[PDB]
Amino acid sequence: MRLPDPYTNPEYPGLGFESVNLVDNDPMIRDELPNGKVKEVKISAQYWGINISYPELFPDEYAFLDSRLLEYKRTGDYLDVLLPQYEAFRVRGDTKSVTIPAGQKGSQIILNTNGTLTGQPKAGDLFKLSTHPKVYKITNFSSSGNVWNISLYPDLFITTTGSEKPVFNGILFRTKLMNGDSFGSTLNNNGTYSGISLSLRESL
Amino acid sequence: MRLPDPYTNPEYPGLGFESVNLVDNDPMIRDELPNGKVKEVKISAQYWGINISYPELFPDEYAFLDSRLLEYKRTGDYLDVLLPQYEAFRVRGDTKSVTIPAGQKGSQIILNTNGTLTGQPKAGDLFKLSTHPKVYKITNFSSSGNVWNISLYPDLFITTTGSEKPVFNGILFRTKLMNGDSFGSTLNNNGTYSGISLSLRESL
Amino acid sequence: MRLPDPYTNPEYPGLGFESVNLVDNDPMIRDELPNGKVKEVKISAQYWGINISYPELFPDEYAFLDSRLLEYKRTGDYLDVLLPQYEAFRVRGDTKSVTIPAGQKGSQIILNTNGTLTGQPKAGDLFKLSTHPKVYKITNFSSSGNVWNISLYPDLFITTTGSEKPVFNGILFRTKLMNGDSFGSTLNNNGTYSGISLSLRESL
Amino acid sequence: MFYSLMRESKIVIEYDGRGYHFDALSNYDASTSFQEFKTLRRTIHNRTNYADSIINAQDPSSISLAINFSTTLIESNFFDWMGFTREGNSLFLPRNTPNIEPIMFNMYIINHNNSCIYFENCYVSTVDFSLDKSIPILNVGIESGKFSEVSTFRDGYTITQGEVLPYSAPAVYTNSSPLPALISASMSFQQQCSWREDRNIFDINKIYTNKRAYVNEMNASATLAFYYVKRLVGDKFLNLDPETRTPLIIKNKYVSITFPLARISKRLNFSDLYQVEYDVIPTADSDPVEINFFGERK
Amino acid sequence: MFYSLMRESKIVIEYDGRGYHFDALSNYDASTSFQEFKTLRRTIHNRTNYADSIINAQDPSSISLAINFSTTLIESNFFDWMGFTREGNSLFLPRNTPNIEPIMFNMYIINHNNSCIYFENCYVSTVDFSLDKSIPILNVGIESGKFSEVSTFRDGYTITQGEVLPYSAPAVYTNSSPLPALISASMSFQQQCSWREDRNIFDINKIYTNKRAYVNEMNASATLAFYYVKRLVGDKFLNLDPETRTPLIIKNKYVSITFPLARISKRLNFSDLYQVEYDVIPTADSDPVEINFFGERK
Amino acid sequence: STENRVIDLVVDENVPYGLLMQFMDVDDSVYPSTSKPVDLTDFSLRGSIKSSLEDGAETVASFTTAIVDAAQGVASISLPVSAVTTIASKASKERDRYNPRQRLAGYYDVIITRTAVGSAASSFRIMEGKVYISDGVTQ
Amino acid sequence: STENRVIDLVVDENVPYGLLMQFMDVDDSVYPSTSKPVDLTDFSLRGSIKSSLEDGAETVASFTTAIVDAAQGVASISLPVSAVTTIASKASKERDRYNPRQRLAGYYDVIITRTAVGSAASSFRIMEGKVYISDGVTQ
Amino acid sequence: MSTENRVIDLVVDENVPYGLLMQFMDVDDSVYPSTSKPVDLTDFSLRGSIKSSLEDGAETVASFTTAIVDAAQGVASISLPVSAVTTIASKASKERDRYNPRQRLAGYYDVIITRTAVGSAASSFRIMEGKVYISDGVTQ
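Chains as they are written, first to last, in the working numbering: chain A, 1 to 204; chain B, 1 to 204; chain C, 1 to 204; chain D, 1 to 298; chain E, 1 to 298; chain F, 1 to 139; chain G, 1 to 139; chain H, 1 to 140.
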């Protein structure tokens, strides 16, 4: 499901992140050798962590927000979020006619736009495959005409099967709440819910 | 037994809730696998936690509040707490001619209003059955004619017997006062009592 | 790989080091006998610890820095850190015609400059061999003709093979970024990124 | 239309169901205002420019009156309302504050054409007057909780201040020995109350007005200014040493503030003509401070 | 030698490669200064008396200009540079701040004999003018990062302010109903930016100058002063109650600031003639605040 | 809030005039005010433009009422270009202070009315103000 | 019309004038920047320039109107170089002391109109203000 | 910004051939920041002139010898020779600028670009205007 925000529900401008913390969580078997060399082995999967802080929420906005959150807690599905700082539409066009040749594993990826896309995805922008819900981060870009060579920080979780389509816009993190067990909201005498915050965490 | 509030007792304005804290307590066993998939397990029940804060209290206000609290601790009754922000009257009419089909044990109430109720409940409101003291929040509501499809956050604590009647307005939390083992209030030299806090828990 | 600094990238003035912290990490087993004599034992190696602090970062500065850090974490390279306060050019000339006699495994380098180098290194400067990445500090220097007697704090991590060439200027710390397991930066509502810190450790 | 002139006004204080029209009023100052909760919800989605401000409370008003002394001594009711106990025409400062909450009263500021401003839940928080070479006048300071605009009002036709008392030179005594070279005797009395804000979540979407208050302390104080005068070399009566307990009285032909035992601190200023300044407060075990109000012929 | 007179000066603002010589300047004030790091290293060895002071930064300059209204309306560029969107001759207050960093421009203060002071990296941080019974004038306030002395400069021969607009009495309306008894309408607009100090260890032994800044908020505000006037007993239109949303416009013959929806707070002063004071800010969902600039004949 | 019935109309010379009133019923009991529109049944609007308020004043023109989309509450008040010309003929030669194109043409007010919806003639004035003619250049 | 939206046109001497409008209705309640270009099919705008703002004024020039893009919403108001020369000849000579390039020529308005079968007169005024001539030397 | 945008001042230096280099570029800002492309200046002729005053009867003191150095890339150049600079300096006001004594007023100027082509779009625009000043010199 979709986390409410001013893009989906413009009538509630109180929704919307006062501050978002996009943390990098890659567990590693780090070992500090006696000779000065540091050896680290990556085994556990990496996952983005999102910490959302909300401004002063009025009673109706908080009613909508916690209604959506409780629906999340009820039906048990995943909770998608859209970070707005990465919503710079730097790539126009429709990506259905873009083919990613099969048999690709690792950080590097090669995709052929077939002369369809307009706009260059600069380093630091997000990237997501059509099938898998993992969200990557472009670290370097290099194109030779139509073919694009993109390097992603997390290695491709699944090897491309030749049908996965690039998603350069409207990327949603498939996250799970981490504050659900004890989630309280305080109501002031001024009439606003203060200090509403979420500690999300990408699942899979 | 009702907790004194400036609805029933406006002559004691210091008994108003300076700030309420509706805490969502749903203990779960959350385990994060190394493959990035976070998994949860729910066994125990969900109970609404209410925390009340008070301003400086004059001798008469404190006398009334303390007499009520000692009456509670004497008879072992259940404090009823009313939250003003949840007292918006949307559904009006008779709740006796409405029928709830029996055998509903999930997290969803299907009821035939029989055209006897005007208005429609809004998501995020408070809903409660007439035969059980547990309080529910409406997470979603779809109306197809006279039959309503109300979705509730806590899974139905009872299996409907067909005699339950929905309650939308005038809902009270059948709380039990926690932190009553060491309950006190310091009296300052200026005659006002300070440091009064009620940590209440929904003891259905 | 070089960490972005306002030498190579002056267009991003926010990437400057607001405060560096050169930490001397030489773990030792220190035991204090009751007879007042304190005794130490050294087994493990000494590694220079560098801590970098940053000011508020604009979107472009943070984009560049994050792209570089993600490139590091992708290729598993070694961040090179340049400290401006250690870039005083004293020894100038060619370091290829200078010879270092082999078999030197202590804490002292004896080298015949062969009259090819002008100036003299000062105590407390940074010194490094051309075949090893460990960085040394000159604690003492005595010159008797062309042969120099450079004394180094860390005991020589390698035994000189006779082919090493001293490096006095342009010295970089072959660091590896610690605290990268949970690395993040909060984006405030005013558009600037805050709370960015690099805890680096010299992984020779 | 109707303008509102300060000179064309009438201030009536409503206590116990009777209107105390305080004539002989030299000047009064008052203001009304509201409290706002203005927050700006700038988000990463929309860095907005328009605030979210709602008016939810009435800021307490601070009304100050300057009242001339009068022959009917209605102005002593300000000491009476501020907490002093009464015996005859003399007001005592009680050893302990009698009640937790002050004495509350309403006040009207009448004007022409049925125009009025209604201050409610008022209490007298300050009264100070300077006995000097000018006509004495006591500036009272009251704080209101709720202000309002009303059409009909209470007007004190009968209860009113008489003629102003003629000037009479002040004189300060120790027992019956006069203190020479007086400059300006200033007396100060206070009832330092505090509003108990009880704004709660039941007052959301409503305007809140302060209603109840408690007395932190009462006190009587006086600052005496003299010229540094000595009659002997190494004098004992007149010097700069502190006086732990000494009977003092700041006397006039129409008023006499008595300190049965006083704690005096002295301060010398090397000005054009040397001036000493006293700081008179009653002691710990001193008897109640007296304030006599003599209309005429004592 | 050459002295520098303020009256013999010319202020040219350099934006987009064009010089905006702002004539009709009533008065301007500016200052330049440096930041020091002065520490005294008193030790048990030597309790020294001589400090260790090094000049390492330029304190940002605060330049204030007072500019008369003109027929060519060059002064509206200050609203344009401060962040307002433009359509025709009217300036809108955008719902959200457009960019993170303000609009930067350079400014010259020319004087005779090729003397000049060059303020760089400037931004307009405040603009406020009072519509009153005197000639209106808008005081702009800009903050600089780097100041310098230069020989040749930019002089706006063509882009200049015309003749000052004749005085015209202000009037404030609600829709089209005039508000009676106006005294002084003061409007205020701000771009509350903040300098991002990025002084680092690579700037040691060098003078640092602020270069980049970000916008904390923009706002439009107005304080209206009236006389307390009532036309009826218990009037509804004119009273002291707050107004959550009401259309307001402070209109003149040459300028009209429009609040499509306004939040008004009132404050009454019991002065010689009773005065009420408004505090007008746009509401949360109000349409953009208008500022029209009419040169002549609207 | 309070009352804002007073709004001034600026009609254009040589151009027909038409105003579109979206009648509405806002209630501020709930914090997001209800957007319920009034339902236009048994409603008629009447409005005349008369120079000055004194008795016996000549009728400069008369508004032509249109009721459309009764369900959603909107309505239209208009008058033909001939009415505009008749208004502009009798307008005063003195021009408005803030706009040198407008000239005071008269006063106006429109009056809603319920005609025996409940056997009651519940007619009350909607709005009022002054009508200003704006001199054109095209014709 | 739009009394608050008066804009003064500036025409360069010795240069053909050109000004383009875009009729593009908006509805941002659903989402910001929801703007749909208005169809201008069977719309015909027209205007004029007169020396004074009153009846009996001498006409100076009439804009050569056009509809550049039908159904795209891009209309154009313009006049050829000879008309600009006539304006410069007819313009006043009270040159400002600090804007010595601009002289006042007259006042202008333009009216958009609908001429649709199955419809009626829909004339509406969209522009208003003054026409200022900017002096030129390069001819 | 009715006319404030297309007006800049030129100061021709005495005893030096004055040449100003112009670079046309179609900058797109409303749709998206930081997007600019050159204007294809083929068939986009330029012409300018200078006159002492703005009256109907004014003297043509000089005229720019405009040239399109690059047909594409939107690069053009307006320049006048040494003789024209000398004529301007001789035919200039004797009143010196107080803030810069070397500069004296010479006259006014305009620049019109005429994009005559086969397509019926023979439009003309005034892209520049302002005042012309002469900066005195001694090196001769």
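Be a bit skeptical, because a hint or two may be false.
What the hints assert, rightly or not - So, partial list: chain G residues that the calculated Cβ filter (under 7 Å) puts toward chain F:
(1) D39
(2) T41
(3) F43
(4) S48
(5) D96
(6) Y108
(7) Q139
Stated by the list, open to error - Here are the simulated DSS-like pairs of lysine-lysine, each with C-alpha atoms no more than 25 Å apart in a straight line:
(8) F/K93 x E/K253
(9) D/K10 x E/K253
(10) E/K253 x G/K36
(11) B/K37 x A/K105
(12) D/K146 x E/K230
(13) B/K122 x F/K36
(14) H/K131 x E/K10
(15) A/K39 x C/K42
(16) D/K251 x D/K133
Hints were generated in silico from the structure; no laboratory data involved. Positions of the beta carbon are idealized from the N, C-alpha and C atoms, including for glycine.
Structure-based check of each hint:
1. Taking 7 Å as the C-beta cut-off, the interface hint given for G/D39 is violated, the closest approach to chain F being about 20 Å.
2. For G/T41, the suggested interface contact is broken, since its CB lies about 21 Å from the closest CB of chain F, more than 7 Å.
3. Interface restraint check for G/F43: the shortest CB-CB distance to chain F comes to about 15 Å, outside 7 Å, so the restraint is violated.
4. Annotation: interface hint on G/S48 holds; nearest CB of chain F at approximately 5 Å, less than 7 Å.
5. For G/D96, the suggested interface contact is broken, since its CB lies about 19 Å from the closest CB of chain F, more than 7 Å.
6. Restraint check, G/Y108 versus chain F: the minimum CB separation of about 6 Å is within 7 Å; hint holds.
7. About 29 Å separates the beta-carbon of G/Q139 from the nearest beta-carbon of chain F, more than 7 Å, and the hint is not met.
8. Distance restraint check for F/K93 and E/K253: the Cα-Cα separation of roughly 19 Å lies within the 25 Å cut-off, and the hinted pair is therefore satisfied.
9. This hinted pair does not check out: D/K10 and E/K253 have alpha carbons roughly 42 Å apart, beyond 25 Å.
10. For the hint pairing E/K253 with G/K36, the CA-to-CA distance comes to about 36 Å; that exceeds 25 Å, so the pair is violated.
11. For the proposed pair B/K37 and A/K105, the alpha carbon gap of about 21 Å is at most 25 Å, so the pair holds.
12. The suggested pairing of D/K146 with E/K230 holds, with an alpha-carbon distance near 21 Å, which does not exceed 25 Å.
13. For the hint pairing B/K122 with F/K36, the CA-to-CA distance comes to about 17 Å; that is within 25 Å, so the pair holds.
14. A distance of roughly 18 Å separates the Cα atoms of H/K131 and E/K10; the hinted pair therefore holds under the 25 Å criterion.
15. With a C-alpha separation of about 22 Å, the suggested pairing of A/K39 with C/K42 holds against the 25 Å cut-off.
16. As the CA atoms of D/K251 and D/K133 are separated by approximately 14 Å, the hinted pair is consistent with the 25 Å bound.
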